[PDB]
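Q: Residue-level listing of the chains:
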Amino acid sequence: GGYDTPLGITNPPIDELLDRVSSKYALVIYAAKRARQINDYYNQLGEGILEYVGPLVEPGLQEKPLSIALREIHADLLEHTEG
Amino acid sequence: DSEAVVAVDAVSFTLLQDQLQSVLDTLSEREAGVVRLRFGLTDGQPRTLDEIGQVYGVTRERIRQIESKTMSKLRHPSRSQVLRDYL
Amino acid sequence: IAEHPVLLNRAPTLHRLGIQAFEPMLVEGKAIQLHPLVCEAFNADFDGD
Amino acid sequence: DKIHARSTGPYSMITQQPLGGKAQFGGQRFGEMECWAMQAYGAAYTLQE
Amino acid sequence: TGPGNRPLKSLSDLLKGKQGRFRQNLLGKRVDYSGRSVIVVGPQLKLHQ
DNA sequence: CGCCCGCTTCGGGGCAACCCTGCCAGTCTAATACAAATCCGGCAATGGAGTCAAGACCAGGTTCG
Ligand SMILES: [Mg+2]
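Residue numbers (the entry's author numbering), protein chains in the order written: chain U, 27 to 109; chain P, 441 to 527; chain E, 491 to 539; chain S, 1039 to 1087; chain V, 392 to 440.
Don't read these hints as lab results, they were simulated from the structure. One or more hints might be untrue.
Stated by the list, open to error - Below, computed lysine-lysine pairings styled on PhoX-like, alpha-carbon distance capped at 20 Å:
#: 1; chain 1: E; residue 1: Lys520; chain 2: S; residue 2: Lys1060
#: 2; chain 1: V; residue 1: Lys437; chain 2: V; residue 2: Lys420
#: 3; chain 1: S; residue 1: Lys1060; chain 2: V; residue 2: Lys409
#: 4; chain 1: U; residue 1: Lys59; chain 2: U; residue 2: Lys90
#: 5; chain 1: S; residue 1: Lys1040; chain 2: S; residue 2: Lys1060
#: 6; chain 1: S; residue 1: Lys1040; chain 2: E; residue 2: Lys520
#: 7; chain 1: V; residue 1: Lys409; chain 2: V; residue 2: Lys420
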């Protein structure tokens, strides 16, 4: 873990992400379903609150939901089961 | 294929319907109901003045005066500055 | 634009590395600027491709 | 005479695909070999898109 | 043949060969949200840009 | 005795890459007669839908003796 400080797209390092899941396809569907949950939280925020849960880590200024999903994965804050 | 959907005017039509719903709901109940029945918004066929006087228990002249007063109301800039860019 | 990957094709696509996804950034002019290391995988020189 | 882009333009007549070439608005061709590359990645959702 | 001594396009000719439905419009279609331009070398970018 | 099976030759069908770029192809007996169908031009029954003028009137802000 002696890399330089990353930036942009690859800010969570992929080799630090892939120790949480089995293979990369599971990581793809992991992050995508977390991002769908987060965007459904944002759109139903103005109405009554539902079972959808917001971004756990503190978001950026105007961040994409998928980057919030990837940082929540990298912070080891979710759990998942395959099919 | 010119008979297809331009796909930006359809979503603009949807937002226009929602904006017109907000503008018509900023008024009272009798005014918005008479306007929607007059111009046929909840249904396809527009109800005439006699039909709205029948459904409102009045004569058609009161319906026509209500229509004239509401059309005088709706040309205000407070109710026009959001709908001007939709034409 | 920020943090939104795009795919960059090169035709003909011979093998699996003919489509790769980059992060865009705004660049003046009218030419798609490319990294000088993916030219071997893309099999693209700059003679007007 | 080469730089081109499209968000949503015209469409074809019999089939309903987008049109072709810079003369019309038109979109690029995502042919057979690029579908082979997208299959060879394992990326399936982008192919469905 | 029709006018100009061209053979008419029958029903089987909508499927056969390269101009059929299969190899032309089913497997590879024109897509939307696309673009095309010429490329230049961008040696100040990082690798993923 | 003509009859029929292994070889050979001949022919028919398929394919032969992938990105832009494109924008429309031809001709010789000719009439009458009639009838049915369709249309179109113009008032004539309205009659309903809307327009306007006036007024009856309920009753809460607004200003005097
Ligand atoms: Mg070249």
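Q: Each hint should be assessed against the structure and marked as holding or not.
A: Okay, the hints, checked on the actual structure:
no.: 1; hint: E:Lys520 - S:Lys1060; in the structure: holds (15 Å)
no.: 2; hint: V:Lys437 - V:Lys420; in the structure: violated (33 Å)
no.: 3; hint: S:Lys1060 - V:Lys409; in the structure: violated (23 Å)
no.: 4; hint: U:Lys59 - U:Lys90; in the structure: holds (14 Å)
no.: 5; hint: S:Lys1040 - S:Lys1060; in the structure: holds (8 Å)
no.: 6; hint: S:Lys1040 - E:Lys520; in the structure: holds (9 Å)
no.: 7; hint: V:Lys409 - V:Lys420; in the structure: holds (14 Å)
Consistency with the previously given hints fails for numbers 2 and 3, ordered from lowest to highest.
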